[PDB]
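The complex appears here without one of its protein chains, the remainder shown in place.
Each chain gets a letter, A, B and C, in the order it is written, and its residues are counted from 1.
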Amino acid sequence: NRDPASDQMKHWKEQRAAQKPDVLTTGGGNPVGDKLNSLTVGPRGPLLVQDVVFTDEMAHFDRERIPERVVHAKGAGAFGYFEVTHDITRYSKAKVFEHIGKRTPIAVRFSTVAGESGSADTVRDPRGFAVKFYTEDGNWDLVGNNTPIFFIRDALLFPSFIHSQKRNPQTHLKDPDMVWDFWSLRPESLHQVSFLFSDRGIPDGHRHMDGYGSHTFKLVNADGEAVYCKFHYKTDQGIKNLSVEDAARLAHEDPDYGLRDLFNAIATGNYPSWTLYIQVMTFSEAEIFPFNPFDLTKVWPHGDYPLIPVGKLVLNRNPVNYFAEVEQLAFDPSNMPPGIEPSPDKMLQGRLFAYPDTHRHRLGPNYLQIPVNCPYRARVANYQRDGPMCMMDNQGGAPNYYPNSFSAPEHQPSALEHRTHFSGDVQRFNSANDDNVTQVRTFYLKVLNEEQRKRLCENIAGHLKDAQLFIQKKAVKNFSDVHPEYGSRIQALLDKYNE
Amino acid sequence: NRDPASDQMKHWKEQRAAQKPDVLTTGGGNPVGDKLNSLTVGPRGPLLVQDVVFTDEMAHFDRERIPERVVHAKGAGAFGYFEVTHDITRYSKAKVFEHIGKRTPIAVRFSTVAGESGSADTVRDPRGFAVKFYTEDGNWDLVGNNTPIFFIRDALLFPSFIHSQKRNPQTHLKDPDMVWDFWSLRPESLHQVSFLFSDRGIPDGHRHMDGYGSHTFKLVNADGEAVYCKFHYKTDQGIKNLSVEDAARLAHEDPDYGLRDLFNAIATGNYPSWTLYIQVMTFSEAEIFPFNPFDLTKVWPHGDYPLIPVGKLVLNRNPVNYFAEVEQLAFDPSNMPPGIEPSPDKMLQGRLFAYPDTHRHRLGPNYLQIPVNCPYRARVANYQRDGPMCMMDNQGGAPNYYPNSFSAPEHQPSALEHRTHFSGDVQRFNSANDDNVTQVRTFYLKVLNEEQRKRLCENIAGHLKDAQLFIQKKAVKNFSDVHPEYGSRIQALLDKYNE
Amino acid sequence: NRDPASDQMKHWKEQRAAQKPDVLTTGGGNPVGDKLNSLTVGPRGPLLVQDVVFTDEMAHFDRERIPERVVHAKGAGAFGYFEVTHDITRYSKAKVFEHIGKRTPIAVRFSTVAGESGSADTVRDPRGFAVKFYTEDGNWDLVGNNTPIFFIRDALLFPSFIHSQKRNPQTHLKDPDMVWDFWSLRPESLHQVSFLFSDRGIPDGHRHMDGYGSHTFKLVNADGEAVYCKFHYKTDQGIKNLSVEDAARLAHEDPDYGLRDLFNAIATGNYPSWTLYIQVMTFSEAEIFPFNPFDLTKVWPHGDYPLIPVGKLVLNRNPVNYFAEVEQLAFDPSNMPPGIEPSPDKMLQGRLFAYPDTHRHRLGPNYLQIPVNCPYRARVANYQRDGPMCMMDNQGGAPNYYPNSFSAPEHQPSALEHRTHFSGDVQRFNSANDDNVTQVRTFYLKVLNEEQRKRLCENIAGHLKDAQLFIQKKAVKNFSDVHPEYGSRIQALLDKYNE
Partner (left out) sequence: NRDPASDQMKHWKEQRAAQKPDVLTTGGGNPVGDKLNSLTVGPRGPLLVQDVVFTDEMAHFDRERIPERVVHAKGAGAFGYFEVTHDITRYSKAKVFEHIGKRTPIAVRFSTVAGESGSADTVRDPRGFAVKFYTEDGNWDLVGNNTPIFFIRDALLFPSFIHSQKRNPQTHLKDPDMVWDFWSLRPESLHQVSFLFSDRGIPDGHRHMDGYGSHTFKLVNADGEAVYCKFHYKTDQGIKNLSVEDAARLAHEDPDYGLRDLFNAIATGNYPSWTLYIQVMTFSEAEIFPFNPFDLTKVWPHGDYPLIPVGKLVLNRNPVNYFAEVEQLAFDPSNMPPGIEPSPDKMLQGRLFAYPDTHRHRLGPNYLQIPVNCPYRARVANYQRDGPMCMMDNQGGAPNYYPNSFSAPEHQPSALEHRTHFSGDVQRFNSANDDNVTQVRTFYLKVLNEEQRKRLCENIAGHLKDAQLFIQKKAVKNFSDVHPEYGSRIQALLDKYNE
């Protein structure tokens, strides 16, 4: 017949079988003897307020929509697991790395960035690769992307950036002037901009790309010794990226390409997978590191920082109900069990606040009470109560104040943070010029070869060319700073475009 | 050693054997090492966004409150069950009345009307007596008051009325001028105003009061024969009211007098109960009734239409967590299973809409998904999906349109609403003059005794006194029309208060 | 220099030549010193909760999104005026037709139906054409589409219909099975299902299509004399539509082609306009009409019910802030001022409820207080108070109960709805068999030509081909019921599809 995805309803009805159709009830459970004709006074008379089957049903349809994610709105999710294949415990004590073989159920959602709920997957844009570990020490949310770096290092420029990447406030259209006037004013973006306008800007499906945590993190062992790290989960399906024409086609032929590709892969048992590594780095080294170690616009070279294998990431279960399981999924970077802590990364720091904050608005104050979000492999005990849409028992009638004297939830000297030291005037430090060329330069010449460079510039040229001459100048100028050739090369194409 | 109530945390810590701790965790489930001292820079430095322990808890704290019931904000709840003791199947084919012995679990909520969440129980106001019958056909909400009548008979004046019974738009104080200027212009209230300022005006606890569905409903047997009815559930603890004096004392001595009573009663195994009856009135009779059988400001004389016993209401368990189980409840008059239907009672007609409406707002669209409100003894299946805070599995990946060729839920033609015939134009018919005195008089000089007759006139004059003069007259005028010795009695009383 | 839409920011900066930039402030107005670098404890230290500039901005960014329209999500809007050009004061006493030359401000929003916010503009799909008239008697929203009919005729099927027209509950992809299973089973759609798949399914922008009320409405004059009617507003720019070819190209080349088109036309002064006509069926004729006169899947042949000019609709003003002025925009079919009323059209009926309903959710309880939604050309005086995000003065300290003796607002007896008569039993009268082929046949034969019939069956087959065989069978069957030739062309052309 057709793909497993397209055969959704069929398979469902068969798995049903002789079973008789459940009785069609109202939201309240009352049966409905006829849900196709409205209660009216006469066969051509008014609809009666009395028809509560209608109002019950209808009224729910009127509220079916919740706000889409402010970014990474378009995406698909799957459920699988994480299996430990190595002992990394000598660095981090996270009970999720306790011992080789220990499997931890995971949830994942891939996505793009700019486009809204109804956009196409096969477009150039970073890619969301969020992983949720339902550990026994609560939930670990590794909110990564398919890139190890980002366009900026100060959370303060995120809202502004995303704006420049979406629609003009008045026309509602995509604005090249917004996109570029911005990037041009913030060279610190050059690194990721490059990586973006390259063959990695449009990966062929989610199964054919890598996942990165970007931010520098922190691991704490048993003795309480800490280290900075980088999470890397390389794909076992091999890197496969799409072409401008192939994506441009798939944009209209099948805007949900990734979604369908992913569903089908797992639906046929062809489970995609990823290996997970890390990059350990001592505070002493971080002291020596040539760049800001917690600067999101940079990477920790493999040469000096080899990747240590941790375990495996398998996806083998497709969502049953997409809304209740994927749409509602919510990953909060602040969710790190004892053993994994954040790092002084300005960018990351801001995220600690943003995810639960927005979740409280997209899903609701009690979003953690949603199944897909609930840490079902841990016992939630604390002194928080009420809040709209409170499921479960609300910790019944246990003591809500802390401390107390009636045997209620307690501390955890073992689950204490790792104390590091910091000195310096508590102020706003201008991190504007922490070098926006070095790593971009190497990328451009070492990692890229001549044909890839050829593409990079045409890709940039085809978009940049729509911005205003002045922005273009400012833009090209920045590329030259990474390399005279980068500039002139793109410059060349532009003048052409301006036909 | 105090009452059961006061010894809440007590009995809790006790029954905790013999078992430690659960570990204090965040919402995510990550254990909290120390949650008594904010993570700060230096012993006298600022706060770190990095203290997600803090942010996480504070955040939740900032959202515990939700809008209180528009009306009937203050109250107590309890659970138990209902059981059949009489066969009325020759009247209604509802599964809740199946055969004698049939035990249907229930949830009940008592409350006041005008006062807010802070107000006290022990004051002059009607009382909210709502029953939630969790049946196999869905939930059946019997939303009723401590009286069989109300002040008005057209939903269009309820909001206006409920406004008059609350604070001044400007001062935020209770305003007698509002109350009585409204009552005066609408004599239909006479009947209920009288029942309000009568000894019944303030019961002693929720246990010593009666219950009523107030409105006229519809019953239909498995044979399709329908007949108008009126529910009645009298207390088995005997009717017991509270002197104006006591009420006021209790008012401030224990604003929550209603709660603890009801609570302890059950705690000390002394479970409350009421005797459910029904008044049956064929359509024929209804066509003959000297009054509108659907007028909320009227009663069915017991002599002409006696009470048939049908069952017992037993509240034998107290809520474990008030919020989750009582404040979060949801009673929907529209929730009537097969065998039970509404009547053209203009007020009821309005409640068919307003209740689910507000619930969606106070609690949220998926409020029927809240445990307390979910019909757990029915298989809720249909074509409704999503909505904010969507719990459950959202009915999985089942066909979502009706009709469908994939074995999704079918309709049960055995629950189709009863087919009645109405003839006449669609218009706004004035019920303002549907006799607002007759039944009132027969209640004054007939139901009440000279003794309690004077108490009434006193109670009324004490409030009416605070109203403007032009307000006081019109008011009396009405009473005068119920019986001269009624208005004159009050008037006289007024002039005295009037100095 | 490019199209006016592109230079949006240019002409802006250009717009305020003079004028010096405003000061960057927080939400509270507090002036911002440095908005680019967060306040960390040291150049490489953590983030301080003490940084309010951050939090303020971030917390807001995090809540920018609201639920998109449950249907007709992706749209475009404009403002202009409506002028009366003919006297139809004998049919309706509506103040908006009050006299030749009279101009009434209007707001308009065009749209697709199924696609979400990211979706492409140029796709086969009906098109929405909502007009809000800010008249003296309050607002009058005429919520029309680009077709005079619809797919169903009973609101209870609508939620289902849409569900089918959207993503699969599990895969989240578009399911043709769903689409055609629904249509195949509900033959009342044939009519619209045909129009839709005809060249009219993909209009060339919004400026090249007619607008219709679709529903039969009731007009009422000064003598209380009522008549039924149909609203039509034909484009003055000429009917123009895109070919499946260009339409599919534009889909990826310019997903917002409709937006960009409407903006530019206005931006350059080339204002689009439509002439509004109306048909008039007298209560008598409605009775002898060959079909049900309130059946949305039918039409009043120009032949027996000639169109009558009324005035002109002109759009000469682009939105300044899309979100605020278009996205937040809301239309309620229930918003009809004196002299204009509904018919018993089952579909129109449900609509009277659903729009104000959703708005109360998508926008919020007081959504009528949002600028674009406020009937600023009328004085809202009533007994409504409070609700979240309540602006203006909340009607100040005015009496909040009706009636009252304090001069608060009074009703207007000349706005009382025209009273009609209906008789019969109050029940769910089945309408699934009200002739779903006659008018459909006239379309396939008299309104189209061979060249066209060829494209239609080609367009139907293109999509339908993806539905299980048993489903196609069912569909072809229904087509044959309209005309043998019809089902064949599709069937044959289908057989070609199945290799």
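As a working rule, contacts are C-beta pairs under 8 Å (C-beta built on N, C-alpha and C of every residue); 3 or more make two chains touch, one makes a residue touch a chain.
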_From the list B:120, B:220 or B:310, pick the residue that touches the absent chain._
B:120
_So one chain is hidden, and I want to know which residue out of C:222, C:416, C:447 or C:469 touches that hidden chain in the complete assembly._
C:416
*Pick from C:320, C:447, C:469 or C:492: which residue touches the chain that isn't shown?*
C:320
*Considering the whole complex, which of B:39, B:308 or B:445 touches the chain not shown?*
B:39
*asked:* For a quick check of understanding: of B:309, B:344, B:371 or B:462, which residue touches the chain that isn't displayed?
replied: B:344
*For subunit B, the residues touching the chain missing from this view*: 2, 5-6, 8-10, 34-48, 53-55, 57-59, 61-70, 73-74, 76, 115-120, 154-159, 162, 167-178, 181, 248-249, 251-252, 255-256, 259-260, 263, 292, 294, 318-323, 326, 344, 346, 349-350, 352-354, 357-358, 361-362, 422-432, 466, 468
*Residue-wise, where is subunit C in contact with the chain that is not depicted?*
8-10, 12-13, 16, 21-36, 39, 41, 46, 49-50, 52, 55-57, 59-61, 63-66, 137-139, 320-321, 323-325, 328, 332, 334-338, 342, 349-350, 352-353, 356-357, 360, 363-368, 370-371, 375, 377-399, 402-417, 422, 426
*What residue numbers in subunit A mark contact with the hidden partner chain?*
41, 45-51, 157, 159-161, 163-164, 169-170, 178, 181-182, 185-186, 360-361, 365, 383-385, 394-406, 416-417, 419-428, 470-471
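Convention: only the chains that are shown with their structure count from here on.
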*List the centre-to-centre spacing of subunit A and subunit B in whole Å, with centres computed as mean CA coordinates.*
46
*subunit A to subunit C: how many Å between their CA centres?*
34
*asked:* Could you pull out the residues of subunit B that touch at least 2 other chains?
replied: 41, 45-46, 49-50, 55, 360, 365, 383-385, 394-399, 402-404, 406, 416-417, 422, 426
